[PDB]
Amino acid sequence: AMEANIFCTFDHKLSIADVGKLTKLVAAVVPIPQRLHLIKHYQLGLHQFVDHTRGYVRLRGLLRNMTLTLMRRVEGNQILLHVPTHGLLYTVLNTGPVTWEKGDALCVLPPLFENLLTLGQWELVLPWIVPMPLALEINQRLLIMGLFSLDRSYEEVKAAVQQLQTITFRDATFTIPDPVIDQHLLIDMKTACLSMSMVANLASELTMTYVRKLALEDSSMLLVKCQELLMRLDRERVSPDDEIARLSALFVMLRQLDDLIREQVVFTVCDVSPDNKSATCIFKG
Amino acid sequence: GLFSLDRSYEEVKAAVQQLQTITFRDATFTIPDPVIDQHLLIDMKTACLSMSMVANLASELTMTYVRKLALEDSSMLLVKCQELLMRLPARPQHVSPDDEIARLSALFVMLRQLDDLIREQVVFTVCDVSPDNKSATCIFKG
Amino acid sequence: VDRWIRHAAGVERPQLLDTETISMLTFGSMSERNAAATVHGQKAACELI
Amino acid sequence: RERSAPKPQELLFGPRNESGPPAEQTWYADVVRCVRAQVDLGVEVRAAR
Amino acid sequence: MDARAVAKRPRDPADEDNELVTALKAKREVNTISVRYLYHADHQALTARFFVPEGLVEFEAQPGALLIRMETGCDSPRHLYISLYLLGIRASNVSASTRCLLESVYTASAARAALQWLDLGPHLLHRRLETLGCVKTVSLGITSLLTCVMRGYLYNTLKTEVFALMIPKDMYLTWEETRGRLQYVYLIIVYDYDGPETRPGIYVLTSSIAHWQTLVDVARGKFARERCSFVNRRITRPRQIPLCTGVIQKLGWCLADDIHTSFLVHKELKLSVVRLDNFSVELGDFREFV
Amino acid sequence: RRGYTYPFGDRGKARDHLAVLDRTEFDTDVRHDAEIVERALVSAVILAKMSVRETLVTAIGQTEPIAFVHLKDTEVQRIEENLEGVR
Amino acid sequence: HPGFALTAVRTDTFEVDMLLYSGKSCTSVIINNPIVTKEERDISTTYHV
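Going line by line, the protein sequences match chains P, R, D, A, Y, L and G. Per our numbering, the very first residue in the first sequence carries number 1; after that it's consecutive. Per our numbering, the very first residue in the second sequence carries number 286; after that it's consecutive. Per our numbering, the very first residue in the third sequence carries number 428; after that it's consecutive. Per our numbering, the very first residue in the fourth sequence carries number 477; after that it's consecutive. Per our numbering, the very first residue in the fifth sequence carries number 526; after that it's consecutive. Per our numbering, the very first residue in the sixth sequence carries number 816; after that it's consecutive. Per our numbering, the very first residue in the seventh sequence carries number 903; after that it's consecutive.
Treat the hints as calculated values from the structure; they're not laboratory data. Treat each hint with caution, since some may be false.
What the hints assert, rightly or not - Keeping only pairs whose Cα atoms sit at most 20 Å apart, straight-line, the calculated PhoX-like set for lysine-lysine is: (1) P:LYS284 x R:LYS426; (2) P:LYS158 x L:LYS864; (3) G:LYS940 x Y:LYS684; (4) P:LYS277 x P:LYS102; (5) P:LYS277 x P:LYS24; (6) Y:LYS775 x R:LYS426; (7) Y:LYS747 x Y:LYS792; (8) L:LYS864 x L:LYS887; (9) R:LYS365 x P:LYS158; (10) Y:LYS694 x Y:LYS552; (11) P:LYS284 x Y:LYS775.
What the hints assert, rightly or not - Simulated DEER-style distance windows between Cβ atoms: (12) D:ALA462 x G:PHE916: 17 to 25 Å; (13) D:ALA462 x P:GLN121: 38 to 46 Å; (14) L:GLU869 x P:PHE174: 49 to 57 Å; (15) D:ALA462 x Y:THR668: 51 to 59 Å; (16) P:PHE174 x Y:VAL546: 47 to 55 Å; (17) Y:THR632 x P:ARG64: 47 to 55 Å; (18) A:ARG525 x Y:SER733: 34 to 42 Å; (19) P:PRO33 x Y:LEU626: 28 to 36 Å; (20) L:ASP888 x D:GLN442: 22 to 30 Å.
By construction, the Cβ of each residue, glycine as well, lies at the ideal position given by its N, Cα and C atoms.
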């Protein structure tokens with residue numbers, strides 16, 4: 001009896017070298033846009049989304065929605081993909097740039113940097129599998145690096161940017177690409193930075209009005225401390241429709257950041273080979 | 286809940302009238318009995334605390350990004366964005382990537398605290414639909 | 428004095444992090460590298476009394 | 477009170493850490509009340525920070 | 526596909542003969558190895574094997590110990606595997622007498638190294654810890670081997686005995702008078718921001734609440750003083766950028782009637798514990814709250 | 816304190832010069848001031864040159880000359896005039 | 903000559919072949935049939951005998 005699997009057919013002629021290349025990846029995580037029984041090879045990987053005017057954060061948002069699946073068997077005329085289920089253990093390949101340890105929690109990221117299966121115009125772009133603290137560090141460093149975009153003229157800013165790019169994890173050192181290209185920032189990262197700054201600016205002025213009203217009632221002596229902190233901050237430096245608009249804008253700009261703000265674990269590892277390229281881990285979704 | 290504080294009673298009624306109605310995905314819904322009480326009060330307190338901490342933590346770079354961007358960019362998004370703000374060459378007065386990293390790290394925790402009170406736990410994730418919208422197949426979680 | 432003595436004896440000055448110090452104190456480390464070539468066996472190191 | 481900070485060796489090996497003074501002290505006090513003249517001499521009290 | 530194929534109920538995993546028996550029957554060849562029954566073939570729990578030095582294995586000889594992975598900040602061991610009991614030393618929640626007892630128990634170089642590494646760095650405690658699960662085996666030696674489950678019940682080879690989860694009594698926490706029938710158990714680390722340095726509190730909470738927001742509201746009610754301390758440090762001590770007042774991690778579920786009080790014996794010393802008889806592990810990640 | 820936070824490309828030699836700077840103090844021997852000052856000044860100039868990442872001397876048996884970094888020329892000559900007046 | 907002498911000690915390791923004698927039925931061994939324990943992973947399963 002078989003297990004349930006998803007069939008993928010390549011709409012391109014394959015040489016023996018190509019299929020020999022595919023069977024090397026017999027445990028890699030392949031993202032798929034929809035849970036569908038039969039698919040064409042164009043749907044594999046991230047190549048379908050690649051764009052010139054968009055960058056990392058939009059790819060992160062799209063990867064949030066895609067379905068993760070593991071390549072299970074390679075044959076002529078077709079590929080077998082297995083979609084994992086919550087609570088079971090599976091074998092995955094360490095295609096990322098960093099070695100793993102037992103007990104690590106892994107999360108999936110768009111690739112930052114050998115090429116695989118260059119067909120006529122399509123490439124098998126697999127994502128990065130990375131331990132969670134490294135992903136948090138990468139997200140924060142990239143967001144800050146985009147925040148310095150307007151100040152790039154000065155040498156001090158350039159030195160800070162170069163320091164931000166170079167990141168070291170266990171036994172591995174690598175540099176992440178600068179989200180500024182041709183002295184300009186892509187629209188998605190621009191929206192992210194603008195949202196962060198807008199949330200900060202709006203909160204700064206909105207907070208005091210409600211804090212001073214609510215702290216008088218406070219039975220937990222904490223809101224008075226918040227008021228005092230705001231007063232110190234201020235000393236270091238309206239129609240109801242406008243107030244409603246500002247509150248709604250604060251909350252809508254808050255929602256824009258949830259892709260950057262939080263991330264979810266997909267695998268937790270408990271086995272590693274000396275061959276460490278592969279590991280066995282349980283799936284969480 | 287937040288607007289109800291210190292606002293006049295009649296304009297509170299008007300705001301509740303305009304806010305309670307929602308248009309989503311080409312349909313109109315209205316919230317029944319939007320009472321303000323202790324249950325909303327605790328959420329208001331946590332929101333105020335989180336906003337205070339966000340305002341305290343945010344670096345000067347974060348605050349000044351929007352102001353600096355408007356000097357050389359121009360878009361509908363930006364002009365609609367800057368209408369909400371209070372109306373007021375150079376180099377950054379202080380550059381310190383380590384401080385920026387730590388500050389952003391704490392600010393993420395505070396933003397999560399603020400986000401949680403409007404977030405609702407996902408119970409189902411759907412990938413199918415009956416073309417009459419009456420039924421769908423979903424994955425259960427939570 | 429430390430610099431002069433270390434130069435005379437032919438020894439490099441140690442540098443270690445506190446975490447590395449703790450690990451070395453507890454578990455030990457193989458801090459001495461192998462020679463370029465060995466025609467004889469292991470170093471039967473002599474300890475002086 | 478004035479001994480130097482322990483090195484990693486003594487923390488890892490050998491005896492326990494030398495205990496400091498207890499946090500709660502014993503004091504004696506004289507209490508003088510004015511509204512009806514009354515002075516209580518030599519009362520024992522416990523003081524903590 | 527046909528009607529009889531659809532009607533056919535699925536094969537019983539227990540009435541089909543396994544692969545090795547299939548091959549031996551196919552060739553009709555005998556083998557010395559007993560093959561008819563495969564052990565652990567029907568264990569639904571997921572387990573892993575961990576190596577740990579002799580000094581660290583104490584109170585984890587008995588099954589049911591919670592196993593944590595700690596970061597050393599070094600490349601030579603990189604990670605160490607420690608129990609909740611060892612964290613009992615550092616926690617302010619534990620009483621003086623119990624602290625003295627289980628400090629006298631862990632008088633080994635490896636345990637002291639773990640404590641020095643824990644206190645050495647500038648990070649908060651929870652950033653240095655990763656939870657693995659509960660242990661149920663021991664093979665003693667200069668290097669000991671522990672097998673730990675990370676999803677499932679605790680039981681031996683034939684399921685002839687189910688193991689409990691042991692929590693030291695000072696770390697046990699309840700917030701309801703009458704227990705709900707189903708109980709979820711959480712791990713809490715809470716930081717007190719006094720003058721010199723942060724003193725962490727460590728708890729294991731048993732609660733009927735599964736919703737995150739309600740649980741965090743109850744926790745914020747119970748830990749008001751630490752939140753006040755967090756804000757006070759934020760005011761008095763700028764350029765110190767603290768994060769979090771506490772973290773909450775979910776690990777497991779058990780029935781209220783399974784909860785009992787008991788003691789543990791090691792080198793004729795008695796430690797008192799709370800005992801979750803039919804505990805099954807289900808790990809989450811650390812979620813932080815303010 | 817300001818040199819600690821600068822994003823230097825090579826933190827090692829920067830930390831060495833920071834150490835020699837922060838160790839400096841005067842021992843109230845009226846004759847010892849000049850050499851202490853010279854040591855502090857050469858370390859500080861090395862740090863400033865690295866920050867602007869202008870080239871710096873490396874020949875053995877030789878040390879970085881003491882001079883102002885990127886200072887306005889007129890202010891430089893005014894400072895020289897003041898120092899001559901002191902002399 | 904400095905005013906002191908020193909005695910050196912070193913240990914050498916030789917590789918040798920051992921010879922063993924034991925009497926008839928000097929000990930009895932008690933065994934059972936080998937047992938198979940199954941450990942399952944997605945790509946491959948391992949059986950412990």
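Restraint status (C-alpha distance of L:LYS864 to L:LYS887 at most 20 Å): The given pair, whose Cα atoms are some 16 Å apart, holds under the 20 Å limit.
Pair hint P:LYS284 and Y:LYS775, alpha-carbon separation not exceeding 20 Å: Given that 20 Å is the threshold and the Cα spacing comes to 14 Å, the pair holds.
Range hint 22 to 30 Å (beta carbons of L:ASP888 and D:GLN442) holds or violated: Between L:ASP888 and D:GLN442, where Cβ atoms are some 43 Å apart, the hint is violated.
Y:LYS694 paired with Y:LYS552 [C-alpha distance capped at 20 Å]: 59 Å, violated
Verdict for D:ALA462, Y:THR668 (Cβ pair) under range 51 to 59 Å: Between D:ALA462 and Y:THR668, where Cβ atoms are some 30 Å apart, the hint is violated.
Supplied distance hint 17 to 25 Å, evaluated on CB atoms of D:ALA462 and G:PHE916: Because 22 Å falls inside the window, the suggested range holds.
Proposed proximity, Y:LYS792 with Y:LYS747 (alpha carbon, max 20 Å): 37 Å, violated
P:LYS277 paired with P:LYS24 [C-alpha distance capped at 20 Å]: Satisfied, since the Cα-Cα distance of roughly 12 Å is no more than 20 Å.
Outcome of range test on Cβ distance (L:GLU869, P:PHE174; 49 to 57 Å): 29 Å Cβ-Cβ, so the 49 to 57 Å window is violated.
Consistency of beta-carbon spacing, Y:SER733 to A:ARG525, with hint 34 to 42 Å: 40 Å Cβ-Cβ, so the 34 to 42 Å window holds.
Beta-carbon spacing of D:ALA462 to P:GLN121 - inside the hinted bounds 38 to 46 Å or not: 56 Å, violated
Satisfaction of hint between P:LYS158 and R:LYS365, Cα-Cα up to 20 Å: 31 Å, violated
When the structure is compared with the earlier hints, violations turn up for hints 7, 9, 10, 13, 14, 15, 19 and 20 and for no others.
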